Amino acid sequence: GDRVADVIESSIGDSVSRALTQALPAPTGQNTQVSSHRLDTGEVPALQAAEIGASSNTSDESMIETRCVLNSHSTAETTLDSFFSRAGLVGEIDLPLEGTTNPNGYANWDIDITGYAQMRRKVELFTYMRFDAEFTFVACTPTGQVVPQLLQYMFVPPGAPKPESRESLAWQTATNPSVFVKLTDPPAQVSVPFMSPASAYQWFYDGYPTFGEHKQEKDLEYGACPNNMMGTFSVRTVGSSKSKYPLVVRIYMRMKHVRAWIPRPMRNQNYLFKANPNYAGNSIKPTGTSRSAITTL
Amino acid sequence: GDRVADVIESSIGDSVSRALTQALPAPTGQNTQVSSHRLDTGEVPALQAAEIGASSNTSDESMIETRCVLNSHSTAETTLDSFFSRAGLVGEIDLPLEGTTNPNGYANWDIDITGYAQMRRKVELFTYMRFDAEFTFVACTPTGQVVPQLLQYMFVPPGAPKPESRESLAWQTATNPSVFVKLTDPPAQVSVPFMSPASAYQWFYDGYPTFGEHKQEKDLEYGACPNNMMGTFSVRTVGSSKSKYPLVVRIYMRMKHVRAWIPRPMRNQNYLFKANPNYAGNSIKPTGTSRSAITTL
Amino acid sequence: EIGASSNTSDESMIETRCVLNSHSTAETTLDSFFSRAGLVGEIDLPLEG
Amino acid sequence: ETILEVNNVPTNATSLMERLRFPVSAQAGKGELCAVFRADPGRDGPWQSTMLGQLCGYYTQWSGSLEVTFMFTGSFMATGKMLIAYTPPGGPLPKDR
Amino acid sequence: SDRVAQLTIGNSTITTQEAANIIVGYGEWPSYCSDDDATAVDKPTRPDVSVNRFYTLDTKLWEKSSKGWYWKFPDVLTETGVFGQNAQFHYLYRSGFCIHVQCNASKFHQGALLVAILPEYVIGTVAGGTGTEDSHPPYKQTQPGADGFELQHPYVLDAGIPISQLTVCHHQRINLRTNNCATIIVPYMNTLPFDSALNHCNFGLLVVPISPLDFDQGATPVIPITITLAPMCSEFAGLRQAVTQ
Amino acid sequence: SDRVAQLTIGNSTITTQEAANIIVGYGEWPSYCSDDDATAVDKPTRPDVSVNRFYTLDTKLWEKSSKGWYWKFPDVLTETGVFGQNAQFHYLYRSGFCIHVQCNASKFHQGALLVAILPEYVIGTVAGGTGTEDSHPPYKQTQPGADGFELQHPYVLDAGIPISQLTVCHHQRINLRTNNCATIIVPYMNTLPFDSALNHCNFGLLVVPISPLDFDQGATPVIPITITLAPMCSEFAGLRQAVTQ
Amino acid sequence: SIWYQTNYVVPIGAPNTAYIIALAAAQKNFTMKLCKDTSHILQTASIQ
Ligand SMILES: CCCCCCCCCCCCC/C=C\[C@H](O)[C@H](N)CO
Ligand SMILES: CCCCCCCCCCCCC/C=C\[C@H](O)[C@H](N)CO
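First to last, the protein sequences are chains E, F, D, A, P, S and W. In this text, residue positions in the first sequence follow the working numbering: the first is 444, and each later residue adds one. In this text, residue positions in the second sequence follow the working numbering: the first is 444, and each later residue adds one. In this text, residue positions in the third sequence follow the working numbering: the first is 3, and each later residue adds one. In this text, residue positions in the fourth sequence follow the working numbering: the first is 62, and each later residue adds one. In this text, residue positions in the fifth sequence follow the working numbering: the first is 243, and each later residue adds one. In this text, residue positions in the sixth sequence follow the working numbering: the first is 243, and each later residue adds one. In this text, residue positions in the seventh sequence follow the working numbering: the first is 858, and each later residue adds one.
Hints in this document: simulated from the structure, not taken from any laboratory. One should not assume that every hint holds.
[To be verified] With a straight-line Cα cutoff of 35 Å, these simulated DSBU-like cross-link-like pairs (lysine-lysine) come out:
| id | chain 1 | residue 1 | chain 2 | residue 2 |
| --- | --- | --- | --- | --- |
| 1 | F | 687 | F | 717 |
| 2 | E | 658 | S | 302 |
| 3 | A | 156 | P | 309 |
| 4 | S | 349 | P | 285 |
All chains should be modelled from the sequences, with the hints used to inform the complete structure.
Below is the structure:
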C-alpha cells in the first residue's frame with residue numbers, strides 16, 4: 444500500500460547489481476590493425492591521466508606505424524583452472540617411533556595450507572576463493588624407503604571428537620570419513636567439496652571472531668576465520684602395538700572448479716608464521732634488487 | 444526501482460486515512476419502530492460489556508414493547524454553529540483618568556479569551572478549534588453614560604511595535620489595521636479570519652515552547668502555545684491632551700464557521716488564572732451536590 | 003497436551019522477508035546417514051594365548 | 062517437540078526428574094528473572110536432552126529456525142504473564158527486563 | 243473468537259487469553275503524512291521495524307490505597323531503543339501508538355481500572371491550596387518519563403477536570419472478573435503534521451482504580467500493572483546533533 | 243564537463259572544481275541484498291537518508307616527513323550519528339560507501355598521494371624485528387577509529403605486501419597540479435550478505451604520499467587532508483541492546 | 858531469557874508454586890549438513 448511519491452519514486456529495494464562492465468570472449472590475443480601517420484590536432488591518444496585511477500587505453504596503432512598481425516596466441520593458460528590445478532605441498536606429518544612430536548603412533552594435523560610458502564603466496568594473491576580440492580597422501584620412511592605398513596587417514600571435522608591415542612574409539616569411523624592404505628600401494632587420492640559455511644574461503648579476515656573486550660590476553664584471535672577451519676586430519680598406524688617403521692606423510696593439494704575474487708598485492712617479504720602476515724621489521728628487503736646508479740645499468 | 448518483495452508488499456507510504464466510520468445524515472431524531480414480546484434464547488440485547496470501552500448499542504425496541512413514533516425533532520441546535528455563534532464577553536478594558544492601571548490615555552490588552560469563565564469553559568470543552576470570529580466593542584463610562592469621544596482601536600500583531608504612549612508613532616496605522624469610532628455611534632463590529640500558523644488553535648498545549656533545560660526559573664512557559672498569541676489589541680483616546688471622560692471598553696466575540704476536534708471533560712472546578720488549569724487543592728468541590736443517604740433521596 | 007507439535011511459523015510471529023531457501027534435504031536421508039562404513043567386529047588370530 | 066531441560070542444576074540420582082521442569086513462584090513484582098539458556102543446539106547445555114541436539118551431533122553445520130514451546134503445569138486458578146526474550150548475538154546477559 | 247488476541251508488530255508479539263477487544267482511537271488508524279498536508283521538504287526516514295515494535299516500560303503495584311498514575315507520550319520512549327535515538331537526532335516526529343496494559347489476578351480478586359487516553363493532558367497545581375499563588379509544576383512532574391507519576395487528586399485528574407467524564411476520550415476498563423488486558427490504538431493527534439518529541443507531548447495515559455482492589459489474606463497481595471506500547475507508522479525528519487531535552 | 247562534480251546524497255552536498263572523475267569499485271554499484279542471496283528471515287530496516295549521507299571524520303596534516311595513514315571501515319562510523327547507533331543496536335550490517343578525500347594546495351606546491359581501498363587489510367607486526375616473536379597488534383592499532391593510525395613501514399603497508407602493487411585495488415591519485423579530490427565508490431564486499439560492523443572490518447583506506455610535499459618558505463606550510471565518506475544502500479538486521487565493542 | 862512480566866497470581870488454597878516444561882523442536886526450513894561422528898556422548902571401552 445504505497446501512496447506517497449517519496450516511496451513510489453524510490454530506488455530502495457533495488458537488488459539488481461548494476462554493473463558498468465561486460466565480460467566478452469577473448470580466446471586469442473588481440474589482433475593488430477594497420478596504422479599510418481597522423482598529423483592532426485585535438486586528438487592526443489598518448490596523453491593520459493593516471494589521476495583518474497584508470498589505466499591507459501592507448502594502442503600501438505595510435506602511437507607507432509604498425510602492420511596487420513593476426514595473433515593466434517591462446518589465453519587458456521592464464522585461467523585459474525590452469526594456474527591452480529597443480530598439486531603442491533600443503534602439509535607434512537611425521538610419525539616417528541621416539542622423540543617429542545608424535546612418539547605414540549598417532550598424529551593430528553589441523554588443516555592450514557599456509558605452512559609452505561610456495562602454495563600460500565599463490566592463493567594469497569586473492570582475498571576470496573571457492574574451490575573443490577583433491578588431496579593426495581605420499582607416505583614413506585625418512586630415507587624414502589617403502590615398507591609394508593597399514594595406515595588410517597581419518598578426517599575429523601569440527602565438533603567431532605579428536606582421538607587421544609592410537610587405541611581410541613574415534614578410529615571406528617562410523618560417520619567420519621576414513622581411508623585405509625598400504626604403503627606398498629600407490630598414494631591415496633580423494634576429492635573434496637567446498638565445505639565452508641560461507642560462499643568462499645578467505646585467507647585474510649580483517650576483524651575478530653568473538654565479541655567482547657579485546658585485550659592483550661586474547662589478542663591471538665585477530666584474523667581467525669572459523670569459516671576456514673575445516674577441522675583436523677588424523678593419522679595412525681593401525682594396530683594395538685608399537686610399530687617399527689618410522690613414517691612421514693606428505694599432503695599434496697590440487698584445486699578444481701576454482702573461482703576467486705578481489706586480487707591483492709603479492710607478498711614480497713618472507714613469511715614467518717601461519718595465518719599471520721607478520722614480517723621482520725629489522726630486515727626489510729626490497730621487492731626487487733638494486734643498482735648503484737640510475738643512469739648506469 | 445523496487446525489486447525485493449519486502450518493499451513491494453509494503454504498507455509504508457500509505458497516506459490514506461483508513462476510518463472505521465461514516466458520517467450519515469441525521470436531520471431529525473431517530474424514529475421508533477413497533478416491537479413485541481420476545482421469549483427466546485441466545486440473543487440478549489440488554490447484556491453488554493463496558494469493558495470493551497464502547498457504549499450500549501441497545502434500543503427500546505429490544506427492551507420494552509414500543510409503538511411507532513415518528514420523531515420530527517431537529518438536530519440543528521446542537522451544531523457547533525449554533526452553540527458557539529453567541530457573542531460573549533472575552534475582555535474588558537478600562538481607560539481611567541487617574542489610578543494605577545492605565546492613567547495615560549492608552550491601554551494594551553493581550554488577546555486571551557480565557558479571562559471570563561462563561562466563554563472559556565465553553566471552548567475548553569474541545570482541544571482544537573478553527574474559526575473565524577466577529578469582535579464587537581461596547582465602549583461607555585463606568586456609569587453607562589454615553590459621551591462624545593473619539594477612540595482608536597488598533598490591532599498590533601506579533602512582531603509589530605507596541606505603542607508606548609498616546610502620542611506614539613505606531614498609531615499612524617499604515618499597515619496595521621485600526622478602527623476609529625465615536626461613542627455616540629453604535630458599537631464597532633469587525634469580522635476576523637483564522638490567523639494562526641497552525642491548522643487550529645489549541646487551548647491546551649502539553650509541552651514547552653522553547654528548547655533547553657527547564658528549571659524553576661522559567662517554569663511559567665509550561666503550556667504556552669505561540670500559535671495562539673495573535674497579538675495585542677490597543678486603544679487610546681485620539682488626542683494630544685488628556686481626556687475628561689473615563690471609559691470602559693467591553694469586547695464581545697462571536698464565532699463563525701466553527702470546526703472542533705477532540706472533546707474533553709468539562710471543568711467542574713473554579714478557574715483561578717488565565718491559560719492555566721490550576722485549582723485550589725484545599726477547597727476541592729464535587730462536580731455535583733450531595734445527599735445524606737443513598738437509599739433516601 | 004494434544005501430543006502434536008507446534009504448527010506455528012515465523013511469518014505469523016515476527017515480521018519477515020522473502021527468503022528463497024536453496025538448502026538441500028539430501029544429506030539427512032538414511033542412504034547418506036548409514037552408508038558410512040563403520041567397525042562392527044574385530045577378530046584376533048594370535049599364535050599363543 | 063521433545064523436552065528441553067533448562068534446569069540442569071542437579072547432579073545426583075534422585076533429582077534427575079527435577080531437571081525437566083523449572084519453577085514459577087510468586088515474587089515481589091519488580092520484573093525479576095526466572096531462567097536463561099542459550100539457543101545453541103549442538104552446544105553442551107539444555108539441548109543435549111533433545112533429539113535435535115543429538116542428531117545435530119552427527120552433523121557439522123546447521124541452518125534454520127527453531128521452536129521452543131513452554132507449557133504451564135500449574136493450577137487452573139493460577140494466572141500470570143511472562144516475557145520470553147530472544148537476545149541475538151552480541152547481546153550480553155541482560156541485567157534487567 | 244474475541245477474548246483471544248495476538249498483536250504482532252515487528253519482532254515482538256503479545257498473546258492474550260482474556261481480552262475484551264481492541265479500541266481504535268477516534269475511528270482512525272495510524273497513517274503517514276500526505277503530500278497535501280506536509281510542509282517540510284526534507285525526505286523523512288521511515289524505519290519500519292526497529293522502532294515500530296513493543297517496548298515495556300516498568301511496573302506499578304496496585305495496592306489498596308492506590309490513587310492512579312499517568313504516563314506522557316512520547317516522553318516514555320526518548321531514552322529507550324532506536325526510537326529514542328532518532329527522536330534525539332531528529333527535530334520532528336510523527337507516530338501513532340498501540341498501548342497495552344496488563345493486570346492479571348485470580349478469580350477471587352476484584353477491582354476495576356480505567357485506562358484512558360487524554361490528549362494534551364496539561365497538568366495543574368494546587369495553587370498552594372489557598373488559590374493565591376500562580377505556581378507551576380516542575381519538569382519532574384510534567385514529563386516524568388517511563389516511571390510515571392502518581393496522582394495526588396485523582397478526582398479532578400490534577401487539572402480541574404473530572405474523572406467521571408473521561409470516558410468521552412478513548413478508554414477501556416480492566417475488570418479482573420472479565421479481562422486482564424486493555425488495547426488502545428491511537429493515531430497521531432496534532433494540529434501539525436509533525437512536532438518535536440522532546441518538548442511537546444501529544445497525549446497522556448491515565449490509569450485509575452475506580453473500584454478498590456480487594457482480596458482475602460492468603461492470596462497474593464502483589465498485583466502489578468505493566469504498560470506495553472508500540473509506535474506505529476513512525477516518521478522522523480530534520481537531522482542534527484543529538485539533544486536530550 | 244569532467245573536472246566539476248556535485249555529489250548529493252541525503253542532506254549533504256560536496257562541490258568540487260578540480261576533480262578527476264569518480265571511480266566505481268570493481269565495476270559494481272552498491273545495492274541491496276536479494277532474496278536468493280539472503281538467509282536471515284528478519285525484515286531489515288533500510289533508513290535511507292539518516293545514515294546514507296556524508297560524514298566528516300578528522301584532518302591529517304601532510305608534512306614533509308609524512309609516511310601514511312589508514313582508516314578501517316566501518317569502524318569510522320560506529321560512534322558517529324544515526325548510523326553508529328543502529329550498528330550498535332543491531333547485529334548485522336550491509337552498506338556500500340562513497341569515500342571522498344580532500345587536499346587543496348596552491349599552484350606552487352607539489353606532491354602526490356595514493357588513495358587506495360584494500361579489502362581485508364589485515365595488519366602485521368614487526369615480530370620484534372628479529373622475527374622470533376609471534377606478536378599480535380593491539381586493538382588501538384587494528385581498529386583505530388576515525389582518528390586513524392599512521393604507518394611505520396609504508397613500503398610493505400605494515401603487512402608484508404608492497405605499496406607498488408596496490409594499484410590493482412581501487413585507487414585514485416591526488417596530484418596537486420591536477421586535482422585536489424579523490425572519489426571512490428565502493429560496493430559491499432564480503433563472502434556473506436551481512437556481517438557485524440563492530441567485529442569485522444570490510445576494507446581499509448590507505449593514504450600514502452608517494453611523492454614528498456615541497457614548497458618554498460613564504461607559502462602556507464599546513465596542508466591538511468580530510469576524509470569525507472557516505473554510506474550507500476545501507477541495511478541493518480537483528481535488533482538487541484546496544485553494545486560498543 | 859524468561860522474565861516475570863506481572864507476577865504469578867494465585868488464590869487461597871491453590872499452591873503458591875508451579876513449574877513450566879520446555880519443549881524444543883525445529884521448523885520446515887531447518888537443514889543440517891556435513892555428517893560427522895557425535896562428540897557429546899563417549900564410551901568406556903571393554904564392552905562385555
Ligand atoms: C580422508 C581425509 C580427507 C581430508 C580432507 C581435508 C579437508 C580440507 C578441505 C580444504 C580446506 C581449504 C583450506 C583451509 C583453509 C585455510 O587454509 C586456513 N584454514 C585459513 O588460513
Ligand atoms: C480592529 C481590532 C481587531 C481585533 C482582532 C483581534 C484578533 C483576535 C483573533 C482571535 C484569536 C482567538 C483567541 C486566541 C487564543 C487563545 O484565547 C489564547 N491566546 C490561548 O489560550
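Here is how each hint holds up against the structure:
1. Straight-line distance between C-alpha atoms of residue 687 of chain F and residue 717 of chain F comes to about 32 Å, which keeps the hinted pair within the 35 Å bound.
2. As the CA atoms of residue 658 of chain E and residue 302 of chain S are separated by approximately 28 Å, the hinted pair is consistent with the 35 Å bound.
3. Note on residue 156 of chain A and residue 309 of chain P: the hinted pairing holds, with a Cα-Cα distance of about 31 Å set against a maximum of 35 Å.
4. Using a Cα cut-off of 35 Å, the hinted pair residue 349 of chain S and residue 285 of chain P is violated, with the two alpha carbons roughly 41 Å apart.
Against the hints set out earlier in the document, a violation occurs for number 4 only.
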